[PDB]
Amino acid sequence: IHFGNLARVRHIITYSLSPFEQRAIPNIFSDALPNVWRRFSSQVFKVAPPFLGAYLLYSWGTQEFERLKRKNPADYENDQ
Amino acid sequence: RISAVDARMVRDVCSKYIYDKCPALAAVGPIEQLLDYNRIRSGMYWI
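For the protein sequence lines, the chains are G and A, in the order given. In terms of the entry's author numbering, the first sequence opens at residue 2 and continues consecutively. In terms of the entry's author numbering, the second sequence opens at residue 398 and continues consecutively.
No lab work stands behind these hints, which were simulated from the structure alone. Incorrect hints may have been included.
Simulated crosslink set (DMTMM-like; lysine to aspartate or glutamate; CA at most 25 Å straight-line) [unchecked claim]:
{"id": "1", "chain 1": "A", "residue 1": "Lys-418", "chain 2": "A", "residue 2": "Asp-433"}
{"id": "2", "chain 1": "A", "residue 1": "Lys-413", "chain 2": "A", "residue 2": "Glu-429"}
{"id": "3", "chain 1": "A", "residue 1": "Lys-418", "chain 2": "A", "residue 2": "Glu-429"}
{"id": "4", "chain 1": "A", "residue 1": "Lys-418", "chain 2": "G", "residue 2": "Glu-22"}
{"id": "5", "chain 1": "A", "residue 1": "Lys-413", "chain 2": "G", "residue 2": "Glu-22"}
One chain only, chain G, in its complex shape:
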């Protein structure tokens, strides 16, 4: 019996329409896509950063490791 003992609510009217009287995916352009961008925008700078900073570390350590495999001529400039 979880519905009815939830909370004390007063003076709130809500209006909704049967699903068959309205569109399933309305205003894809005018409304939808703009918010998708809005949201992407909002977060991009909180998320992306640390990911990009990881990418570097990856790329750096990944290559620096390869560099440590190649030889350095300065070890043989007299090995005749």
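With chain G held as given, fit chain A onto it using these hints.
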């Protein structure tokens, strides 16, 4: 007109106007327990 009505007639007429239709609903007061138009809409069909 009333003696003309038989069960069979009632079913066909009610089905015609009730069955699977999307209804209008008005709720006033401590209505938390009654809910979801969806659920109510699905109550519009199957015995």
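Sort out which numbered hints this structure fails and list those numbers smallest first.
Structure breaks hint 2 only.
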